[PDB]
Every structure is written in C-alpha cells, then in structure tokens.
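Single chain ahead, by itself, as structure tokens, in the form deposited in one PDB entry.
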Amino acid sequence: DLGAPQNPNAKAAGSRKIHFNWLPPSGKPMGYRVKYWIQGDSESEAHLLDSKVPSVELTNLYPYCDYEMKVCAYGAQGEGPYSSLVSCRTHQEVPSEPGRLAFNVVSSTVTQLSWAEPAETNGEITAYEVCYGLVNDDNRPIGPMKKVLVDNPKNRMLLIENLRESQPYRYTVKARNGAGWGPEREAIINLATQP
C-alpha cells in the first residue's frame, strides 16, 4: 500500500511551535497523521494531529523544550508505515518573575536582598537586574533608580548599602535568558520597620 513519508524535516518556527514537513509517499495518500511528544515522554503521552497537506505546524508547545515526531500517510486501504523520527527544540521565551523578594537587615543602612529563580525560566537564565529607589508614603518613586547587573545567575543574593536611614525603598528584580528580559518581582521595604 502506501509507503512511509520521506525526508521528514522539522524546525522551530515562531513562538511555542514547530514547522514539520515531509515528502508525500509513493501512491495516493488522502492525508497524514502526525504523532509528536516531549522528548523523554512515553508515546503514551503523545499528541495526534491530522493534515491534508505534506506539512503541519505543531502548536501550544512548551518553550525551550525538545520534541520528537513522526508522520504516516493514510488512504483507501488504511494507514501506511510511519516515517523515521525527527527531533526539534522550541525557541526560548522570556522568563517569568523571579521569586518573591526576601530581605535581611544588616543595619539601618544595609540589607541583603535574595530571590528564587523564576518559576518558569523558559530558557537558560544568564543574568538578573536589581533596581531600587526611594518612594513616598503612597509607594510612588520620588527619585532616580539605582540599577545593578548580576552577571552570575547562581548569585541570587545582593548586598545593598548606603541606603538612607528609615526611608522606604521600592526594590525589583527581573531575569534574562536567550529571549530577553522578563517581568519584575517587586517589594516596598523600609529597613526601620522590618522585623
């Protein structure tokens, strides 16, 4: 009957998706059935898609994730054999917010700021940026921000000194990966009113 689709080819295309194409098999295929799954998963966790043309876009995938996939053809007699297996990884996406900020009071003018890695890295985190400045009683910034680039992603703690005694400050931490910077995690803190 129908032969196996030939030259299966895949490539990341856009956000959370993969363009998977192949060469129609000898004979008269009426369509194609694609099976794909996260690399490492049992085919029991595979997803099934149909297509009338020799290509298909796999969507709603996880970012920076490895996928495996194969395709077979079907016609009047039934389904033919599956093509060989191809693998492909999805593009990165900016990380989510870092974990909630934690503060240790070293003195009336110094604090240690720490944070957990974002719940969703969506890639490989290469840095963090800490920003902070004075805010009024309504928590509104009233002066320029101070920014510190953290080059070592494992160093999720920063000592901040020379802070104005008994004044509230707004602190934020944002993370970067291959796709760029993500949203910021925020906290309003006054070292004088901390436990």
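Under this definition, the rigid core comprises the largest set of C-alpha atoms superposing within 1.5 Å between the forms. Residue numbers count along the first chain shown, from 1. Compared with the form deposited in another entry:
- Checking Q39, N139, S55, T126 for C-alpha shifts of 2 Å or more between the two forms, after the rigid core is superposed, gives a single hit: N139.
- Relative to the superposed rigid core, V150 undergoes a CA displacement of at least 2 Å between the two forms.
- Relative to the superposed rigid core, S84 undergoes a CA displacement smaller than 2 Å between the two forms.
- Once both forms are fitted on their core, the CA shift for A116 between the two forms remains under 2 Å.
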The other form holds:
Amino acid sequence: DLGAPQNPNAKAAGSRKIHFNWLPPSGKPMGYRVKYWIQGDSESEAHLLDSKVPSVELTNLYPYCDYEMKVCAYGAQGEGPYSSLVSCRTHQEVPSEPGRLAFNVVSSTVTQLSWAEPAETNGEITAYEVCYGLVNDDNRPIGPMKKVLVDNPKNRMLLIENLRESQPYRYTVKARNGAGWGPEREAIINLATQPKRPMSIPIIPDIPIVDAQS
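Following the display of the form deposited in one PDB entry, present the structure of the form deposited in another entry.
Next comes a single chain, given without company.
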C-alpha cells in the first residue's frame, strides 16, 4: 500500500493557474489524483485532476482567489491516503471595464458622470481614472484628452461643468488594482441631445466637480 505524497507545495503560476507538486511516496505509484476547490466551497465538490507525474498545473482559475488542494497516489492496491492540505492564492490581474457610463445631464454645459464597479475586479480596486476630450463626428479627438485627478479616486461619480455648448465629447473610465489599470469604458455624448434634469448639491467641502475648460 502507498503512503501519502509528502511535502505538498503550491505556488501561483499566474492569475488563472497554480503549480502544485509533491514528493512521490515510496513504492510504485502509477499516478496521482489531485482534489482542489475554491476556499469557501468544499472537498465534497472538489475538482478532480489526474496526473502521471508528481506535479500538476491547475487551470481556468479565478484571479485573486484562494484555492485548497491535496493529492493522493494510486497503485496496485488502489488509492492511498491524501496529503495534508495546502492553500494557495492566484495573482491579481487587471480589472474588467467599469460599468457602462451613466450621464445625468443638468444643462447644456453640466453633467454628472457615474459608473458601476467592474463586473470582475480581479483584485482590490484602488482607483478609477476619468478622461474626457472633444471629438468630431467620427470619434476623432480634437486636441488631447484630459485626465481628471481627484482627492478620492475610489468614488464612482464626477460632476463636470463648463463643457462647450453643443459639442460632442468622448469620456472614458478605467479601473486600477494591484495588477494595474484595466480596459476603458468609453462613451460619446453631446449634452444638447440629452434630457435635462435639475440636481441638488449639498454645500459641503471637496465636492468632486471638474471645470472642463481649465
């Protein structure tokens, strides 16, 4: 009968892969079976992965996610006992796009911009960046985009005033986590063609309002 594989050891091989290896038990193991699952699920619902060598690469994993796993050998007598558990967390990767940009337009020159958190954060989001710029009718920039800097970049809304009347602008929003900046959500809008609705702004410090012609 085979003993348990020894020194089970796992290391992230990326944001969607883990490398798990162990020492062959003495005897004549024919192969190994690995059980692995997301932290918070269960061994009873484990994924089951066969290997003919004393290592495996776990694939199609979630980014920034803890996985638990263990491994047994099988041989002439069937499966031996499993190794002790190991836990390993995949790397972060950049977030997905923010949600579709929402514009609550106040006037011909003022709009609120807001967006939902990325559907996949793939890590811990530490900031958003909003850019905006004039475009012509083919979404071709007229001059450079402008980057907005704000006191709290984790906020998902911005007020923008002093936009040029009846001109289209491109707006973009992207999100950052520990892996870096993810892809941009873009929208092109002209306030002239939007429904107008009044806004109430509490008279308090640090309102995130951007002057578009400065």
